[PDB]
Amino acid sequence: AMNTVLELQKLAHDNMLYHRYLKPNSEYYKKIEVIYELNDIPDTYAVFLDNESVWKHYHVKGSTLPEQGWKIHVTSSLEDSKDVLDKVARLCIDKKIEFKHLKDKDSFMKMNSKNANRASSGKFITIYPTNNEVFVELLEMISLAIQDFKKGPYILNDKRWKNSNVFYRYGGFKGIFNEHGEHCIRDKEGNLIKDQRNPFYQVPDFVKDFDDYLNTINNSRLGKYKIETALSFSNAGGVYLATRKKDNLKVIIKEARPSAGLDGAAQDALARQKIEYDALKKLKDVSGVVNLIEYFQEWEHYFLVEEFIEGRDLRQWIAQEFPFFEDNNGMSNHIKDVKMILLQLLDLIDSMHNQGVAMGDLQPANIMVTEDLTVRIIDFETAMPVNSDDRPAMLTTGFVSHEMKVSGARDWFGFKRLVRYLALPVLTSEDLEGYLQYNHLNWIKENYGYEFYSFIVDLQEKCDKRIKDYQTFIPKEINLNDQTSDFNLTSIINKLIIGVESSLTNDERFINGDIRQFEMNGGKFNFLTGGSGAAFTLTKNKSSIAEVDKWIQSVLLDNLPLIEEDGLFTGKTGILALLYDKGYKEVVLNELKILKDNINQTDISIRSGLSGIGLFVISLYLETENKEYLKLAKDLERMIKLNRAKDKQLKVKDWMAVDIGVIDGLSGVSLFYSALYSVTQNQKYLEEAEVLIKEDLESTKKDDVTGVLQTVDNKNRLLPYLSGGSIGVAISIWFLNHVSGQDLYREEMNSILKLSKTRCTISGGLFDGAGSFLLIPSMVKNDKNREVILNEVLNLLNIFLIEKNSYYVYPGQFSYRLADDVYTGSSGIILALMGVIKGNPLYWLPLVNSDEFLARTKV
């Protein structure tokens, strides 16, 4: 009965962090800041919280507990949290039992949110019995204490004790780590077994018999369908593709787990599902709205069965159908398809509102298009009555405004933004829309022509009219002539520099940057997102010397020894390049002595691994003719060799890293080999360089219509970008050729350069967006061909480049906020543009005396 429901969680299947950084009324990424106090705590307990984590520990006396064993987890609903911890803790205290709980409301929310890990979900209190006897004792006593409480979210990783909120599992009591994996437990033999935390209960081999014991005293409306696959999982439940048996109707089954998957409004899976069901009933006769089949409870979960709509959501449609490639004259078909979709969508929103319901999240993900471009809307979990001025549970940044107050108005605003989006699929937030509205409309007009432009403006104006019926709303003026593109590279560099100069933080970060300034180690100080990137870039432009010197002297130097990673982009080495150029020779020489020691190990990437470090080391060897640095480079090479022999498969730490290309993949490793060749003349390093590129080229795909080569990842995604994409591959080919005097991979090179024909990218940044394309002209030696390529990518840059006062600034990832870092902001754009001037496709690398590096590594 219940085993069938739970098994659903086992089936196979096929950036949200930005929200936490939209502190209102800032133009930058800035954290939004947000309590289980218990009293009468005996002195036999020590009470502390985690370094950076969710748990408040209650450690008893001076006892030692086993390093693994049978542990108890307790679950509670949010409204019952304080009341459940009171009864549970004051039991454990009064029995001298070690336990922990989630430290505050925020933590509870984070761990039980819609997108929280399914394994970790529901675990509010963790209890650590000293041995198996007190374990089984506690099962009964805790459950006796909490019986008169509402059932909380089921913990998918545990077995439940009877019909209580008491759950149990065997795993690590402490965190026991290894060299290739996470949390582990000990065996009876080769004690290296991995602690399994999955969305289903599992038992370590060597304690099965005790689980067998535990099972002793431990006390179909859905069988109508063949549940084929799971389209998606969240903490709130699964969404499954099914076929109704003896009928063969494809349906969508949407699962809600009671008390699980909270949102910002503290609404659970069931609360949202009911809203979706109510909405779909009210819209039974609106043919554009997906139709509900049936609604039933099976075991404890609730199941909303739904028409399966054949086609693609507008995100997929955009990705696959938008005419990204400039093939010379031919965007008229797009114009046709966009009009047909949008005019359908206008009528659909009117129909929904006529029935008194706003859909609540009008944005590409929820709009589907059939093969003949019929428009349907799915996902009514966000539905509200039109006219309601309730705070929405969720906002899709990119298609919302805080200026919207009424639910009906929110739909029209999203549509309004959707209208321009299909014409230029480039994300923006309300915070930068003030600026980028000009960039986008100007682009649409120059590229589609006045007719289509006026279709867009008119339709957006009708949206305005629609909003005005719901609330007071009066949008700003137009006048597109106020915004002009720039095609003068020096001008763009100089104005972006003034931009940076005008946005210095007087804090430890030096500049505003990507959220990774906050989310990652060294992020405030390193080259990638930290102040070293900007300070380096400003130094190259002889700008802000006094400000740079002060940040170095008073922040960077005291932080340098304490940055634990040596990574080129993420850690010490990138910083040391800045330091050397700035004259701090003594400081650099000292850090180099430590460098052979600490963490010369498994990561080989340019970003954070041995290649990047080695590449820095080689650059330092070229600058100082100190042979110890060549020796060290050689040592790093052998260690890369060792790593490759242990296993070819690369590990990614960053959620946007892909194990191909120059940043995180083998193409990057080849840069180091190429450079090592330049300084040794050892042919063998040249061979390795070439072999590494070859291996990456195996993960590329040529389009048949367009001639463009891109990389293809492990989810069949095509990539152009410097990070993960073919432009980075091209750069390594270029450098291979630069150091050897050859012209290898001419064919691949030529088909990568064709990326300069790209009309738009969803984001603007050097690594993951438009800025990547600025690297293309820097790899073209012929002046005449360069000029055409440069103009094309400058058209692309001008979609992102913001005029603010009389200087330029640059949007960060997804253009939600501004950034001035190398990774996403103006610093990386500057370095790439300076690269174009200098014919240098490596100029974005923090190498020692980089203005000399090409000349010094030339064949």
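Residue numbers count along the first chain shown, from 1. Rigid core: the largest C-alpha set superposing within 1.5 Å between the two forms. What changes on going to the form solved in complex with the partner chain:
- Lining up the core between the two forms shows that one residue from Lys174, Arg391, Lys226, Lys542 moves its Cα 2 Å or more, and that residue is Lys174.
- Once the cores line up, the CA of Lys188 ends up 2 angstroms or more apart between the two forms.
- Superposition on the rigid core between the two forms places the CA atom of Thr44 2 Å or more away from its counterpart.
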Given for the second form:
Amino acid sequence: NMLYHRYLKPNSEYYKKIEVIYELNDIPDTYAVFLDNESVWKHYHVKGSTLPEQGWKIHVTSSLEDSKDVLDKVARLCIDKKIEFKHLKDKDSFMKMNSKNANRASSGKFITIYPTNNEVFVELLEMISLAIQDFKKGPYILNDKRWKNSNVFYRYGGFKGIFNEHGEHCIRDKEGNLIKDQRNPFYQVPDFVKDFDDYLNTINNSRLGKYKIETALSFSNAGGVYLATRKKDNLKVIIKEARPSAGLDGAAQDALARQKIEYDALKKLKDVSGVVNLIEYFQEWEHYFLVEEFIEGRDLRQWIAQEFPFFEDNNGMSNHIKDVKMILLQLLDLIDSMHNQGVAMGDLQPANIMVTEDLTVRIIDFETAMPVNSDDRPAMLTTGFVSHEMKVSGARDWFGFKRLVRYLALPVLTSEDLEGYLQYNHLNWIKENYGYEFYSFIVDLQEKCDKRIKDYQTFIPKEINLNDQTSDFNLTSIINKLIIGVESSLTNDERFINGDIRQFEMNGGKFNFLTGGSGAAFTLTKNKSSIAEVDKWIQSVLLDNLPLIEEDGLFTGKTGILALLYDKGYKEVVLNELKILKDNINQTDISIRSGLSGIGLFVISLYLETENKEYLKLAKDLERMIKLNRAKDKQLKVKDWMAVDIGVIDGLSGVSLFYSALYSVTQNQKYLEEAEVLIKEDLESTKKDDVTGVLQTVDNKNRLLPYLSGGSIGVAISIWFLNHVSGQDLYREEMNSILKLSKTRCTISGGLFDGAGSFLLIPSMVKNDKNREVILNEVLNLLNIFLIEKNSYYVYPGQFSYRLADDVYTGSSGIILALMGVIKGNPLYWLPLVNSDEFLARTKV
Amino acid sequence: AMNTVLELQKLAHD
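Let's see the other form, the form solved in complex with the partner chain, since the form deposited without the partner chain is already up.
Zooming out: every chain and molecule, the one shown earlier first.
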């Protein structure tokens, strides 16, 4: 999710890879020097010799500057000893592996060393500590054991590739001959080489009982944060660990700086009782613990989540108005207070501000604190509350408040790339739902900040004119203008369109229906638009790439694409591809998104189109695989960080779609009961709200979810479809409680799967025409928060509205499909099925 | 000493 930062190429309206060397030569022979597919590592390879099926490996840790020497020093005591090693290929690589938000299990590992075996191991330990004795002690590797007092670390693990089906990394044991690889924040020795480990344990040569330490709040490569309780009191407090040379930021600052800068600037700000005050500070162990004054309550984000009203509750937004009044009024002086110390709050956003059960406001976390008037580029930028045209420290602090002013009124993230367009959208929304009163409060407070910025630097903003943006409630009007938008933003690269970051981050994401070109290609074909562009792209990109997409997934892989190809007349190609699917794999993934259910759904839809019984036989075989997989365990493993194991996309609700569909074509009642059951098991994990009348799902992580991906809207689609195939009206009461989500006021994001776009599906399920209109009209209000007028047409913001996207997952294609569903009264139209314009009629009872 | 400081990294969550 933090990956979005990586895709903010400046001066683009789309998510695009931010482009950015550890040199060295005097390279001997059969020293083959290569990179990878596109990894961090640079392999220095010798000769040709089986390096063990696993073994004892050495990691050298280094710090950023030394690094250049640390490589030259170790590389020679490796080149001259003709040893095999890899190092992080460049500065960007070092940053990412050591940054504040790198994985703990992998950080610090700068150079990896592979000794032939245990003697040269227990001897490179020696000959390497020595060459790097005069070098600043770098980040500690938490997965490894430290050797003596050095930057040299060791662990037992794999030297190349060892995977257990889908089960992470491994190392071939003996009887089991697999043993998965424990990459963890501690040192987790195997067992079959326990012998050699203890050997090394004897050749390797009350200040925190002060407090009890129960829970951990958060971790992070910089350190941790704990739920403490100092006896001599019972004063619950918050302790901030700081591992030196660890969690690097973008300024070359380590997790030491941001504790003695959350010191130099926590000091000056001791004289303000909004701000946080410290307990002590000390160099306990090699680390550091700056104990913090504990503050009960919730962060603003958590308050918004639980207290901001989402249900259209007819009178009572004023409740929230006074609250935004209580809070923001203070904060406005609390920032005034701070500024007479000469010190900038650095990173102002709803995470770093707290709120009790009586609306008391305090600013925590001071890793970013700077000198007002100074323009050193800030440490961590929080996109959505900053802009890269503020030059001076102080200005930036106030701009954070500015953006945050509106945020509390309408909590919808935006970035300084899209805020130009969406300011119009949100202000008009606020005016419409709060009154001119609250609108005015906002405008001024935001002109106030404009003052306190003009104090610091040249900053003439552009002015109002809300009338320049108006809502569109005509479905056909929206479709057409979103289409033109897509037609107006064809890349002419392999992707066909700009989509989510999963385009670059995930297997097949440039091509597949979910974020790839197939999804826009498909949608353009539905509106009979851009035919030659679609053909060009199919002809010169897609076909060539098809045989190379590894996944069979409906959204993630080949099957979605095959739907497009078949509907475009490429029967032969689908035909050949199906010949290969029948065997391809019967995986353990049953999801609609990427598993056997989504594949089986496609297969059924192809059977309907072709009337060829081979495909029915294939659908039945897939069922048998799903059934068994369902038996393997009542759990779902996950891949995509936004996935959850409930609902129509990644949950059992989606598995039910397959069963319904298979029902429609077999007439076998057994499948119908499996469908009902799979729904049922999902309904069990819903939470009906007593206050407001709405059913949402409930995830493991104790989120309440409305959306198509993970939430109740999806569940409803599965019910609607069961009913459609069987002729029943099951779960009518839970169905009604889900459609009540129509009254939702806002969502953080806009998209089909994870945002406002989900709600569009609600109307396609309502059987009444008469309540369809009220409902349609409500969800269009939601959508108009996100619709962007641009030239003559519309474009659509991707996730978190930081950048535009045209894809199915987040972008305009997802929305176009949803709006066409409404028209057609088809809540399944976002599915990439063969001739999906006949599908409903062909599956109807 | 470092049996605690490192054992902390091991501690509770949700």
